[PDB]
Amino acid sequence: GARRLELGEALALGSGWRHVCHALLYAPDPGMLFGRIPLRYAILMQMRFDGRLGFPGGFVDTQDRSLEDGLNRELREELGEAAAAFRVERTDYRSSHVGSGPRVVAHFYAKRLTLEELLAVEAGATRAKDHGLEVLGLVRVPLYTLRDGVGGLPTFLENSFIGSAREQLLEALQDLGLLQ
């Protein structure tokens, strides 16, 4: 799997279906590694309790009035109060997928931050409710490939990922024009 669904199709699914929402948070970063390698963007992922990298978010509950209300609620639980500086909205929606097995549809969003907003999220995240329990720590995604042709992004992508997070990441990187 997973199979890609249109949003209308995902929203038509029955009451037995749970909806999970995750967000790629990113900010333009003018920085240069070793003074010569463009960073391009700061992009956040999270190491989860099961030893896999993914994106912040979680499950929509029965009192969320919208997918975006659920997403923002979960992001704030996971990342803490700096996440309350912004709202991921329907304009940030990118995709929906259903895998085999449990009745879960996974919705994916990407939200542009300022670098100051992103740094605030990283700075506060260790005091979030989920820190050291369900989540183990944020990492930035290295967007460059080092001289040896392996270090940086290719190596990063050899890490362990949750569900469709690797696919979701690569699609977002494509959309940002980082994959040529």
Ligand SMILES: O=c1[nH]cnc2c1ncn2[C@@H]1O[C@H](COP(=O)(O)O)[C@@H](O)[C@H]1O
Given for the second form:
2 protein chains.
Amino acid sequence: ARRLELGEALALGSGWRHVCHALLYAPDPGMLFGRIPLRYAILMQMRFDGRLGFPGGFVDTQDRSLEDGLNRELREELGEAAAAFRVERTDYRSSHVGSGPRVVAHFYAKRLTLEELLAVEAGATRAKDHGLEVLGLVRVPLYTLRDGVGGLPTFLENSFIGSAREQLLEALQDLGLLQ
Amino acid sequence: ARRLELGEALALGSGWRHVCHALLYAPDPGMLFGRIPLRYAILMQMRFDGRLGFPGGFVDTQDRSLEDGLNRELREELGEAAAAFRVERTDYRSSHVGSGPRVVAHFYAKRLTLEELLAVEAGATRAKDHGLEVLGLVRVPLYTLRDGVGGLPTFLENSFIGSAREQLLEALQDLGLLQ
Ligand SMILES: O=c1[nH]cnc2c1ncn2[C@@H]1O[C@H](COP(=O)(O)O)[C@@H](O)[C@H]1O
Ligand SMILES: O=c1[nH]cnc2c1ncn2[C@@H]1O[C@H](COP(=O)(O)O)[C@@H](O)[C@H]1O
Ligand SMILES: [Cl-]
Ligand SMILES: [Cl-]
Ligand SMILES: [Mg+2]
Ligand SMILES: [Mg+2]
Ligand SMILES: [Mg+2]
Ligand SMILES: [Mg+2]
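Other form of same protein, the form solved in complex with the ligand, not the form deposited without the ligand:
Full complex below, order starting with the chain above.
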């Protein structure tokens, strides 16, 4: 997929559709097996097509902004606990265009408290999309286990939608997790 | 992995450890996009190692039966809603031994009502293992989308622990889903 500057994406003609997705994350002081730092809780979802992706969806003709569309979709996807926050332009990270349909994909990362993130997980089964478009939420393991394979490297071998794997890796880099 | 009859597995010496996992499923009359029959809700979990597997765990020295160990582990894994049912010997399907450590893996499939299954999903964030060994629950997409790839075939391209992919496929066959 080609990366576009936000200005260029916003200048695309009306035939282009805009989709927005968000990486929700929270600092986590927890330790797996009492010794492996978790560092952050970072959410993805298993999608209806058997691929991992981020929560979000299409901006429609009555969204006044990309961010209004994103928050509307997040709340459909994830349920009422997503109404505890708004993802904003300050959280914007990137825009990409893939091959095929006229779709531009905008990506955001939003910091939550761990309590807010847990609340999103705890309420997700009541979301409109649960058991339809969204098959379940999962956290991303950020550590690599002693065999050098288990954890993040194996997680990254799963199937991902569109540019989601690249969006994840860019965000993990920006968080200082790939040093 | 080699398949063993239950009698043979139960005759293994004390140095062998026994692990038990369960496929929990419920009939689901729902339709994706109003046209694709879901057929069943079937649960798996994203594990700490980045692989998909089934809920369960090790039988210990104070479990009086394989099934007591299974139910104890399920309830640690999944939380209080798993106490609404017991997986029993009538639900037993298979035993396998892989290479390496002395572990025999017993597999079960347990029918729930859709309300019971939803309750398991709805309560899983309060489980002891949530955000540690268990990164999230996911449903298995049983359909194949119009491109011939999306849905089950793509789901099966994800990373799976041990014999979990084979256990899934055997269960799906037994349910008549691979006709
Ligand atoms: O998490 C994601 N990151 C980036 N693009 C995505 C993600 N999820 C869906 N898409 C894209 O969003 C559009 C709609 O996909 P859908 O979710 O299958 O309806 C397609 O162009 C997908 O590639
Ligand atoms: O869902 C599963 N199906 C079959 N074996 C499993 C499953 N999950 C874990 N195991 C096995 O259970 C044992 C313990 O694995 P652990 O969950 O990583 O502690 C190993 O022998 C794994 O291969
Ligand atoms: Cl380890
Ligand atoms: Cl389709
Ligand atoms: Mg969505
Ligand atoms: Mg949507
Ligand atoms: Mg377990
Ligand atoms: Mg356990």
